[PDB]
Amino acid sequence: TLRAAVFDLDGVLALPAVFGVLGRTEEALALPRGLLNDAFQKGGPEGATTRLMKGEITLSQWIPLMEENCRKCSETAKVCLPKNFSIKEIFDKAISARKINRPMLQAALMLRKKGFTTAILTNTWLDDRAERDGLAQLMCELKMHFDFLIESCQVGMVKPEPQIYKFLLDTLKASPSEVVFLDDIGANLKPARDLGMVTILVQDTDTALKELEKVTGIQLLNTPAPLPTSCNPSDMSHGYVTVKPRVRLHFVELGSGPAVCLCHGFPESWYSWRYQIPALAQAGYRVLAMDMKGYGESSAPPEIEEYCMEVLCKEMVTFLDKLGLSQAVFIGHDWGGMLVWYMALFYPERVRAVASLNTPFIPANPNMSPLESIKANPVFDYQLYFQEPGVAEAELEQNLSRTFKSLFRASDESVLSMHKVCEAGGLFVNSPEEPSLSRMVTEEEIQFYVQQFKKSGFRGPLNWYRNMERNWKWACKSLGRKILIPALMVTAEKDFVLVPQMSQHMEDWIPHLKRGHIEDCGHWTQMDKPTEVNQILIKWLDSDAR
């Protein structure tokens, strides 16, 4: 019968509770027990703290009223507050120390995944302190995971008044017996129990989650490690820049801080970074996840030479110029990784730092045609199949769902071997018509790629492979250079085309190179091991890109 879960903020979704600082301050200063808690609740429904929680006044206006209450309580107790006593300092530290209670958030996310409507209901204030950004960030991270956020200072009602509970039920569109309500303050839980709500008094998180699990019948404790947060395309900010007549690049943008430009490979999308975008934004970066030229909402001109590396790099420089960005960190995967190494070699002044997933940096050999180098490696046979215009386009466009379901597979799920493709007659000739769904992707995720590729198909994307000679002549101009800006190379153990061993000589040309390595990871690094990718990238960005 339960179909809604409501959580308090202080002491439930975030710990240590700010309210607990009154007791901790009394004990540290050896003040009479309850002195600061009595000053905080002084006047009850008519006192300063209720006015603050209803939004009548702001936190900075309340701070001197709380201080006056502290003195009235200390005078009646016959005691004295310390010389440097500061309510602002006490509250600044408590708010800063209070972090998200990750197991409680994990449980709310699980209930929402199982069809529950979730909400945060909190008695809170209008924070106008100089340090208010810290709590604004915490609220942004939390609220995105809930259907509703109800704050006392916005609605002009406070717990435990009956009106805020009726407002909550109207918001949830639910009868009280269909709601579980979690709170750490017994008095604020009482009105919800009177209406008939299932209530949980939260002291330690583990016991609260055992009660929640028992009453909902859903496993919440001891669960497998969840995936990082993903992106819902319709919830993102979409940006568009014209880099030349007829050529417009699309990107998704999230976060504040140093600009980080994510460059996908073939045949992908900005959406290939769906697990990285929220994580990097939360870590303090302004993420720009591109639809590379030829893909998604970016322009896809038909000419092969529009996709040579020199042109593609010049366009990424123009993209930064139009956005007013002097630099960005460039992170690439597959063809995007090849692009970011050439951005580092030709435009180091515009690249704050560079990172590649899977694609190594191997200098061009000026004594061998790129055609002969490609012919020498059996795993690169699919590149020769992609050379003749129209052949691979017809195969890849014939059934888009089959194409993405065949390509996007973990290392132990393959249906396509990248060798003997020309002799076989195509990539999918020994592959099923209706491939099974990989554990890495849902049907809904495959359908997003299908819809993106309906616009321009595979001509633009395949043209990235049709400039081997042009790219080789341009790369040969850089053979006397080294990459001396901050760089990271991430290898994937089970990518059988871009094998880790191919990156072994990179330090000869990038002497200060940093590395990451992902075990049991295939070609589709970002979606195969997203937790590991996020950990490696954030660690590297925080040490080398700030």
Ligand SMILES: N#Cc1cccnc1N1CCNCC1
Contents of the next structure:
Number of protein chains: 2
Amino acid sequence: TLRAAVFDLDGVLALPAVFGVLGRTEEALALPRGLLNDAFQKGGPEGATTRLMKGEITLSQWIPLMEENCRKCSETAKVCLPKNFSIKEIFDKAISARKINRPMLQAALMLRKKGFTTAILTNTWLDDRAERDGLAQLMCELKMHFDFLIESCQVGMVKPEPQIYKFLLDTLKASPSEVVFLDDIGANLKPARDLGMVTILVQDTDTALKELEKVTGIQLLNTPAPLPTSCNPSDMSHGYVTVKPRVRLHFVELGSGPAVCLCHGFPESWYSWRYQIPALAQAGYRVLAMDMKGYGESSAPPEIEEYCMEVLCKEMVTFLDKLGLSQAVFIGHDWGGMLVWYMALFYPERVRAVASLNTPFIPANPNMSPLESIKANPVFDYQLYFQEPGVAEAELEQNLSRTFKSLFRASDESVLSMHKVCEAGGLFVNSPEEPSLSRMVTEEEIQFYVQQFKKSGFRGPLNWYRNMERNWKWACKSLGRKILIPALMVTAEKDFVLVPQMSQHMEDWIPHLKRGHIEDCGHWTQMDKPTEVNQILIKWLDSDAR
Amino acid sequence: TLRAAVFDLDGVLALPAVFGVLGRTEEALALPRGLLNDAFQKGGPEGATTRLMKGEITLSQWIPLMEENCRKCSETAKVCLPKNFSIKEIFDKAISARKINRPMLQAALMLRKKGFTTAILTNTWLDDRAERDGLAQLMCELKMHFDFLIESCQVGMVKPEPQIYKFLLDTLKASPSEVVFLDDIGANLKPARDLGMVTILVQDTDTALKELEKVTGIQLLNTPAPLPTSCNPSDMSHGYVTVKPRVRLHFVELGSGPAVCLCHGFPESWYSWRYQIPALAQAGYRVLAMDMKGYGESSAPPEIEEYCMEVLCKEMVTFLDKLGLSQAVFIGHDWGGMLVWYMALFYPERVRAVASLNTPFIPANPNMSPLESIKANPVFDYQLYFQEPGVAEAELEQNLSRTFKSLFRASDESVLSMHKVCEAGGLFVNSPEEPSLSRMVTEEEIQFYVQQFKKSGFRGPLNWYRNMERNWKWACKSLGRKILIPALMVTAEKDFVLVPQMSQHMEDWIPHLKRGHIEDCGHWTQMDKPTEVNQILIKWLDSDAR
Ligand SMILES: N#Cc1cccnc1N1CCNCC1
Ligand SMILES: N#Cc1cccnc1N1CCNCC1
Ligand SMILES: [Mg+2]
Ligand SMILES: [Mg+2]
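Same protein, different condition: the form deposited without the ligand was shown, now please give the form solved in complex with the ligand.
Once more the chain from above appears, this time first in line as the rest of the complex follows.
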């Protein structure tokens, strides 16, 4: 029966409520109880505040009007306002104090996940204060999670006027009895109730969610910890830079602040960063999530040497040049991991900080041919299988769904071992035709990958593995250097190819190397443990790149 | 005969040179003359410095080696180094002191303009200092103006080793006698001379340019003041955001720092900002130059109401939401000018600062229908001509080259007056079939415009003029507000449509409004007076938006 849920901002989706600072300020300053709310409400429907909430005047216009009101209120209550009593101050402080009420957001999210139309309906104002950005950010962080945001100051109507509830129903395309409406203010619920909306009077959050749980029959309280926000590809800003005549790089871009360039591994996509993209943007960074050369909407020239580390690095440098970025933070995973270490060694002036997930930095051995090094580690056998052009392309392209469904598996689900792949004749020789779906990925998500790999297949991606010698030679040029810029290595307990122990000497080359470690995490780090990854990157960004 | 010109960085393209701070530091600290250069050069071809210049070690690795050398040099000269003598300090200071030598850059530019292949050939180092970004920026600002940048630390060779000059010739694809090579260091010229390169020993810049002028036969000294850097469309990062199902916005993006959203007028393009895009990026901003709805690579739905200010504004808001930008600076011209004032009035929380070129802010008159207002100003007659769908489309699309060549004219060249357009039957009824080229634009530039307007023609652009009433109604909602966020109005002396005097009451609505004014500037502000525009915007950004 219920199909829609409507939430207020102040006192429902964000806390403490601002009316609340009228009360607290009275107490703090020992003023007549209610003096500030009387001034706030003076004149009711024709008073300054209603005009503010209606969008007739801006916040800064309102501030001196509320001052006058307070003076008037205190004259009539035969009291004096403190020396330096300041509505600007009171409001600046209250507005920055209010934070998202996470459990209420999370309930709204969950309701939207079981198919509810969700909306924010709020009495709010046109905010032109020097400090307005703070509210702009909050509304940004909130509005993305909802089907509609209805703002009194944009629609010219206010709670509790009945016309806004009609406007509400009309925006929802629902009848009143299909709607639950939550609010901290009783008078504001009334007209919703009159229309036969289910209403919840929100005092403490948890009780309000209990009422909301009963009335919708969906679990909202004590629910397990949700995944971070993911990205919907067609809501992203998509960026394209031509770095040389046959080569254009695609990336997705979210946020403002220091530039952070995310470099995916084989055989993946910008979309492999879908859990980190909103989190890092939210954390105050400018995220650029690449399709690395070979993939997705980036170019995929066929020649092998187009994919040696050297060309790949120079290209990433050009990419910064064309965007006008003097540096970026480089974060990589798997192949992207190897690439960012090389960015650090060959272009430190361009790398603000460098971090790798899974991929250790290991210097080239100038005494041992790379092929030999590779044959001395049974778990790298899969790399010899990738050498012969065509062979792995045929297996990987034969059935894209099956490929990603077989590759993308959590540590407790695996169907392919990277062990004696050559001998077996292939990567999937002993895995099913139709693998089950990993817990890490939905069917929709696999199909995104499938669709990206239909543009270029696996030739470009596999070429990354086909420059062992050429990379080795270039890497030997760097054997005297150390990495002395800020650097983080994140190991993954259950990656059986890029094992933690392979990273164990890195401090010799990178003396101030910082570390993180994720337990019970397979090779597909970002999607296996997205919460831990986000937490580890943001803490490291904030302290080393900021 | 000469076809190529090669410049050094230190002491030729950037000044003061760093070797110079070895000398000055000696003097400042009263050390034995040359003590610091001896330490710098110790061991010659096998010494620390050569390894640095070759890329074997990074700058931070080198620093303690130079320390040791200085200690050794002072022991053998039987002197003591000062308490707190610090190579890190000396070098940090020297490296930030060095700035681009503008007249040398300008000579290189000019030579590239008459068809020379230009290159930077420099002995430089892998810079991993905490302060490395400073050098990264300089190299960024410089490298864009040259065909090649050859860095000793990237190629593994150094001046004066003869192999780097061979590598040079080979990169130039020129023979030695087609090349002029400039350098402040005599030993470094020698091998160029041996190959029969023309060489210039650069002491003071002006004398070096005199030699360079004589030997190339191109005027380089006392040349008139050049235009700012322009943008080549296919070197830009191109960005695309879907703001609603049928509507995607394109923009071009350059730089890092506070976001600055450039909104062009009718009938123009992101490319109308081509002179401001590098200048503002260079000035430390993140420039987003839109194709506004209707134009270029942005969508162009046919319906009139798709182009009322309200929809257009909401859309720009969504564009920020999807990019994860809580605010941007909005700068507009002509129609974009009107749009940014409305952004300021309806979404101040999203606008860091607002500036308009030419377009004044004028409140709607709630007593006079917009059509009437428009009929009361003979120079707005052209707007009535735009009303009837089809009419102006047919004239504007008939001959795209002729259209832009007739519109884009400096104040002293004009062929069309905006006066009695309806009566005459059209915009171009009394202008030539093949207008001459304005001094403001090359034939290449007109053709860019021509090509953009082949995608959608003029229906979307003209629709911007077709919502007089609808905009008027929405604007009336804002008649109580004032614009209290930072705001700049730039008037153009010789715009005969958006005249300066039309802006004269703006302080009533925008009390702290700041102004700039450009003399002898027609309607096409950014391309008419690009230098003055850049100077006025950067000064205003730096003080009001930063
Ligand atoms: N293919 C693959 C693969 C499959 C499972 C685990 N790890 C894998 N790879 C990805 C490529 N880089 C090395 C590790
Ligand atoms: N068309 C046009 C035109 C031509 C010359 C000068 N100004 C012009 N317009 C551009 C549109 N906005 C108003 C002014
Ligand atoms: Mg409330
Ligand atoms: Mg020099």
